[PDB]
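Since chain A is already given, all that's left is putting chains B, C, D and E with the ligands on it; use the hints.
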Amino acid sequence: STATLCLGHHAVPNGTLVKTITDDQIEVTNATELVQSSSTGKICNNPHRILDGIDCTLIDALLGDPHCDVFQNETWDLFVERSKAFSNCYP
Amino acid sequence: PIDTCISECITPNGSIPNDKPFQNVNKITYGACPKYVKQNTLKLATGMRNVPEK
Amino acid sequence: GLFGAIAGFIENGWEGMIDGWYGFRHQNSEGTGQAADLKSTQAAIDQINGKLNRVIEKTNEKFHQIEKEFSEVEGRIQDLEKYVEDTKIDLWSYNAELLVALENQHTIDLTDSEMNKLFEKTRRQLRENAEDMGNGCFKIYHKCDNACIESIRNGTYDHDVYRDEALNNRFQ
Amino acid sequence: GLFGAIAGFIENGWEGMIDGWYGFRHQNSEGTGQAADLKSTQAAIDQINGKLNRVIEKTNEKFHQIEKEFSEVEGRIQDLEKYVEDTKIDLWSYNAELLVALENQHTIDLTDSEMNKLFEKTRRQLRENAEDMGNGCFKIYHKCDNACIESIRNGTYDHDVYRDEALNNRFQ
Amino acid sequence: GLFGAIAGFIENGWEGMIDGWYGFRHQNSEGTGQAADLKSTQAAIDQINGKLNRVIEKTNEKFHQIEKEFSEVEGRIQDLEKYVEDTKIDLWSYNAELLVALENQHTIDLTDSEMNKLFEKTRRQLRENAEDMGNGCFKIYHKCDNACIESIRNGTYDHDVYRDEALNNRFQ
Ligand SMILES: *[C@@H]1O[C@H](CO)[C@@H](O[C@@H]2O[C@H](CO)[C@@H](O)[C@H](O)[C@H]2NC(C)=O)[C@H](O)[C@H]1NC(C)=O
Ligand SMILES: *[C@@H]1O[C@H](CO)[C@@H](O)[C@H](O)[C@H]1NC(C)=O
Ligand SMILES: *[C@@H]1O[C@H](CO)[C@@H](O)[C@H](O)[C@H]1NC(C)=O
Ligand SMILES: *[C@@H]1O[C@H](CO)[C@@H](O)[C@H](O)[C@H]1NC(C)=O
Ligand SMILES: *[C@@H]1O[C@H](CO)[C@@H](O)[C@H](O)[C@H]1NC(C)=O
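The listed protein sequences derive, respectively, from chains A, B, C, D and E. For what it's worth, the UniProt record's numbering labels the leading residue of the first sequence as 25, then goes sequentially. For what it's worth, the UniProt record's numbering labels the leading residue of the second sequence as 289, then goes sequentially. For what it's worth, the UniProt record's numbering labels the leading residue of the third sequence as 346, then goes sequentially. For what it's worth, the UniProt record's numbering labels the leading residue of the fourth sequence as 346, then goes sequentially. For what it's worth, the UniProt record's numbering labels the leading residue of the fifth sequence as 346, then goes sequentially.
Bound conformation, chain A alone:
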């Protein structure tokens, strides 16, 4: 003689644990990571002008170290200075 109407909400078989003001760990249907913790390991050459300094430091390229002669009149947005860089001119 009667009908029944239930109200409910969706669930998921496995859920993500997040932290709130009142709970250290509470399970929710979905969650997004906000901290980027990994890198590709390579420097993209766009959109910034990247100047790879092979064996040269910025000061050595500035002064005009012979093995730095390829860096004359160079421009950069980011000068990438390598650990293998060394000086080979007057001390």
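A hint or two may mislead.
Derived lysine to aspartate or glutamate pairs resembling EDC-like cross-links, with alpha carbons at most 20 Å apart [said to hold, decoys possible]: (1) B:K308 to C:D503; (2) C:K407 to D:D503; (3) B:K331 to C:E442; (4) D:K484 to C:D503; (5) B:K342 to A:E51; (6) E:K427 to D:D431; (7) B:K326 to C:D431; (8) B:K342 to C:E356; (9) E:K407 to C:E356; (10) B:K308 to C:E442; (11) C:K413 to D:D431; (12) D:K413 to E:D431; (13) B:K315 to C:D431; (14) A:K108 to C:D503; (15) D:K403 to E:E419; (16) B:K315 to D:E442; (17) B:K326 to C:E430; (18) D:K413 to E:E465; (19) D:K488 to D:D503; (20) D:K403 to E:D435; (21) C:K403 to D:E375; (22) C:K484 to E:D435; (23) A:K108 to A:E57; (24) C:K407 to A:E105; (25) C:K413 to A:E105; (26) E:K384 to C:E356.
No wet-lab data here; the hints were simulated from the structure.
Then chains B, C, D and E with the ligands, alone, in the frame of chain A:
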């Protein structure tokens, strides 16, 4: 190493995507980079509280 | 969980619900049926889709800064640089932690609020023809076929044409 | 909008209401009338009047600071000064943005809460003599003249002296 | 105080309540009795016990920093050190103030929410056998002895076995 690709944010560890607001890769950054934090993970809830059956 | 709807009197999520976030399950003479409420689901999704661009609009663009790694030991200036960077890192880490906690708490309260709002709206449609059973489910006290149920879900339910039968069934 | 009262089941603001923020409109045999509820309006106004002095008590007083504009180029010290000032500016800009967003959200929830509280109080006064029509309006099931309506608004409504007539009208 | 339960329609705290935070007082034919609801009290206590470790996990460990007190007057470097320390102190003082205000507001809303949740749960158990008197107290319309009251408090109240008598008493 340098690569042929597009990325706005460069760290000493390489280029990283800047879609996330925070990063834990390196405190040295260049470009449009996420803010550096000490936490390695921060989950933002994008759904309701999950109550499975049983 | 301020309203006690989700993880409250509802007591259970529906893993068979994939159409939306909030919806109805009905059992009547014809048989069991299920549907999703698009309006409440869309309200919750809209209130959740941003929620981080509204506080941190974009990544700030920084090009030339202080040095943050040092080979040798200078003294005052290196100490000041390290102190400045450490202070900035601590403050931003606290900001991130507090923001995430606040947003998660508000999102939980928000979804629970949408659930409670749907419940109250459905109750208000069923003025005297239904009774809350206390588990988030309404007992409707009249013949309510599929058209009746869809009218309830639609929002165009007409409580007047069933009021006599419903009152006769409830209060005998 | 956590309770679904404002921009919810109320569905509409009254531009003719200038006496207060929350109030009543009544239609009975005598005719239409309107009034404002001073207590709820005052509660909301009191909870809103400060709300910024409670977090930022006053302007801090700063007299001699670092230089923030430079003509020539020095190097380390100028870079450190620029970095410190930029870090401070970014942190305070984030603080301002987050504070404004949080306070606006709480103010909206607060006003919606006061509306819902007034609604629930009015419903509780009208124990069995009225029914919620679902649009924020009560159908009262007895002769309720202007004195009756003002008693409802006053808070001294006596549901017992109308209960017989109201039950007779509702359940027939 | 978003729900209007505490300092709302409840209107009064019970100083004789020491067993828990939330509870029941009942008056029937046998006599007055009082008990505490352990589940709601435990929910509120659990949501309050941390609430600061969830934002500030621990004290950060700092060993060697800049100098913050100076005997003589140097100039640029001392000014920069003072500016950095003052900026850090102001930002952390603001953080402390805002965090305390936010947590206090949420704690008040949380306890008020637990009170309202207990009230709604009790109302939903007493489907048609009781009426809300508007002061946080239910008038139950049937013989409800101590076993009946403890069943209400327990959660295993069976509204069906009293429904006839309760309807007969309410609607005459
Ligand atoms: C949780 O939300 C995320 C964010 O949208 C969803 O992840 C996306 O899912 C779609 C599926 O069509 C993919 O195309 C996207 O590439 C995903 N984005 C990311 C960043 O992973 C995810 O599906 C949601 N989870 C659930 C269970 O709904
Ligand atoms: C997903 O669900 C399965 C079972 O439903 C579970 O074993 C697993 O741990 C969950 N998470 C992932 C990441 O697979
Ligand atoms: C639902 O309501 C709309 C508008 O009142 C109507 O056009 C439609 O036919 C109804 N039924 C549905 C969508 O099944
Ligand atoms: C409203 O109530 C107060 C106190 O019960 C009473 O003094 C007053 O006469 C009532 N009517 C009004 C203010 O119109
Ligand atoms: C309360 O309910 C529980 C479980 O239904 C039952 O075991 C117990 O006897 C009841 N009465 C009490 C605890 O007085």
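Under the constraints set out in the numbered hints, which ones does this structure not fulfil? 1, 2, 9, 14, 15, 16, 18, 21, 22, 23
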